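Shown here is one chain on its own, the form solved without adenine (ADE), set out as structure tokens.
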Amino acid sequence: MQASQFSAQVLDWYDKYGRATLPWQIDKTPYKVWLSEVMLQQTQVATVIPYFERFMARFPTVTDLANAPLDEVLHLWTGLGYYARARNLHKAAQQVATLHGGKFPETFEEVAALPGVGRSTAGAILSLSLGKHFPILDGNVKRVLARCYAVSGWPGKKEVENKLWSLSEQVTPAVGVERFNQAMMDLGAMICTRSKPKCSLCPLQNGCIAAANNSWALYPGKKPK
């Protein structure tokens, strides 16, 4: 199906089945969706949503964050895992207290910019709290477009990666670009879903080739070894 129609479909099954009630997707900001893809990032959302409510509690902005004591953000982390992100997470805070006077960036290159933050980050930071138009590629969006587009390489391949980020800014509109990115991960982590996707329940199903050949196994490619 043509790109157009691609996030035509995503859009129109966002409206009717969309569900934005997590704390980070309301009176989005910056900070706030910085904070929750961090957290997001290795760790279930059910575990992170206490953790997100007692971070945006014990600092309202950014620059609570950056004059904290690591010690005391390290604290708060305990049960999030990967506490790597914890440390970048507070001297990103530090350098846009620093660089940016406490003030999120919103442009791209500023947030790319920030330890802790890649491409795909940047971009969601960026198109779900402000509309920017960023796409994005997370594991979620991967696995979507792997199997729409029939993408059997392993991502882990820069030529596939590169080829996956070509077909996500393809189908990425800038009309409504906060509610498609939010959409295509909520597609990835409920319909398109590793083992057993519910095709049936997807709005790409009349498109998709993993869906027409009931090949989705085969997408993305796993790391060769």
Given for the second form:
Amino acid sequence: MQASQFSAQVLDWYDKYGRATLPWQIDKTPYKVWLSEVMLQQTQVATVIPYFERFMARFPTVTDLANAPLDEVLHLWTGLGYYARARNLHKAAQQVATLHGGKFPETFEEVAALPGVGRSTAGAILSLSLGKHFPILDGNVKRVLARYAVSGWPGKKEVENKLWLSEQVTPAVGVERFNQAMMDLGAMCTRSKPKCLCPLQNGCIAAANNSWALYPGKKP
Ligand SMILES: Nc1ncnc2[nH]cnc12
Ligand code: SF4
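Could you please show the structure of the form solved in complex with adenine (ADE), as a counterpart to the form solved without adenine (ADE) just displayed?
Below: every chain and molecule of the assembly, starting with the one above.
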């Protein structure tokens, strides 16, 4: 499907079903988006909501998080699992306080340099909070794009580079809505039995061939 049509269809879909009412989607700031992305990396949205609210109440700013004892951060994280995220979260907060005077960085390199934040997460933080022109590529997005019929295992460098398709379909105008739409689409284009309610159904190769099971490829 033509890139221009891909982004246009996803944006039109988001405008009608794009439920952007979650806490981290209102009065967005790099800090709030970063915090939510880290919590959402390996935890379901329903579970994350109360923690996000608790964290924002206890740590209104990144400096408050940086100055808090690690033990307190880990205690509040209890129940989210995958604590390496919490440890990196605290280190990143301290890096922001130390290197950026407490102002969460708004430039890609400085964001990506934070512990626990990669190319995709950095792109998400800046695109969603400031509308900066960056594409994303998490598990949800890989699924949607792979189902352009990319059958290789994303674990392979060449396949990962191929998927990073994301750049081609991601627009600058409306990037915040498009990136959120892609994540919503992949989360609600599911692993099993996708609900091809999808704005890409008229051009998706997997849908046309009823072959979604082949994309993305599984670890060989
Ligand atoms: N923006 C987002 N909305 C819902 N689930 C997500 N998982 C990762 N990012 C997400
Ligand atoms: S049409 Fe179906 S398989 Fe294709 S992107 Fe949409 S949900 Fe996924």
